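For this view, one protein chain was removed and the others were kept in their places.
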Amino acid sequence: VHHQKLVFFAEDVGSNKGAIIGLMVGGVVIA
Amino acid sequence: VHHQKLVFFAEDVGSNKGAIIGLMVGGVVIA
Amino acid sequence: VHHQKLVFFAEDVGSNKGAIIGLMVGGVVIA
Amino acid sequence: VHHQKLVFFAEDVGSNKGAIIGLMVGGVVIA
Amino acid sequence: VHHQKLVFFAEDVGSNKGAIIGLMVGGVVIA
Amino acid sequence: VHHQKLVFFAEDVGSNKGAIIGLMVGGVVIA
Amino acid sequence: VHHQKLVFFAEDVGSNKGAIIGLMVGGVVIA
Amino acid sequence: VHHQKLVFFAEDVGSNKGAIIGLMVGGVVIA
Amino acid sequence: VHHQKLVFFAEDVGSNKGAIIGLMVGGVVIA
Partner (left out) sequence: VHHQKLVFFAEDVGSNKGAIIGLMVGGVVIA
C-alpha cells in the first residue's frame, strides 16, 4: 500500500468553506 | 504503508474558512 | 508506517480562518 | 512510526486566524 | 516513535492571530 | 413605506458562510 | 421611509464567516 | 429617511470571521 | 437623514476576527 497525492489542486483555489480531506477511516462528515 | 502528500496545493490558496485535513482516523467533521 | 507531508502548500496561502490539520486520531472538528 | 513534515508551507502565509495543528490525539477543535 | 518538523513554514509568515500547535494530546482548541 | 424585520431569526443560527441581506437595491449577489 | 431592524437575530449566532448586511444600495456581494 | 438598528443581535455572537455591515452605499464586498 | 444604532449587539460578542462596519460609502471590503 502506497498512498500519494490523494487530492491534487494543480491551480489556485479561490476559497474553501467546506471540508477537504485526503483520506478518512471513520465517517460522519457533514458539509 | 507509506503516506505522502495526501492533500496537495500546487498553486496559491486564496483563503480557508473550512477544514483541510490530510488524514483522519476518527470522524464527526462538521464543515 | 511512515507519514510525510500529509498537507502540502506549494504556493502562498492568503489567509487561514478555519482549521488546517495534518493528522488526527480523535474527531469532533467544527469548521 | 516516523512522522515528518505533517503540515508543510512551501511559500509565505499571509495571516493565520484559525488553527494550524500538525498532529492531534484528542479532539474538540473549533475553528 | 520519532516526531520531527510537524508544522513547517518554508517562507515568511505575515502574522499569526490564531493557534499554531505542533502536537497536542488533549483537546478543546478554540480558534 | 415602512420596512421592519425584513429577515428574522427567532432561534439560534449555527453558522453563516453565505450572505444574509435585509434589503438590496442593486444586484450581482454571488453565493 | 423608516427602516428598522432589517436583519434580526433573536437568539445566539454560533459564528459568522460570510457577510451580514442590513441594507445595501450598490452590489457585487460575493459570499 | 430614518435608519435605526439595521442589524440587530438580541443574543450573544460566538465569533465573527466575515463582514458585518449595517449600511453600504458602494459595493465589492468579498466574504 | 438620521442614522442611529446601525449595528447593534444586545449581548456579549465572543471575538471578532473580521470586519464590523456601521456605515460605508466606498467599497472593496475583504473579509
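Assorted remarks:
Each chain gets a letter, A, B, C, D, E, F, G, H and I, in the order it is written, and its residues are counted from 1.
In this text, a residue touches a chain if its C-beta (ideal position, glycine included) is under 8 Å from a C-beta of that chain, and two chains touch if they have at least 3 such contacts.
Interface with the hidden chain, as seen from subunit I, comprises residues 1-31. For subunit H, the residues touching the absent chain in the complete assembly are 12, 16-19, 22, 26, 28.
In this text, only the chains that are shown with their structure count from here on.
By number of C-beta pairs in contact, H-I leads over the other of H-I and G-I. The pair from H-I, B-D or C-E that reproduces the interface of G-H, where over half of the contact pairs by residue number are the same, turns out to be H-I. As a whole-number value, the distance joining the C-alpha centres of subunit A and subunit F reads 31 Å. Annotation: 5 Å between the Cα-based centres of subunit F and subunit G. Along subunit I, residues 6-7, 11, 17-18, 27, 31 each make contact with two or more other chains.
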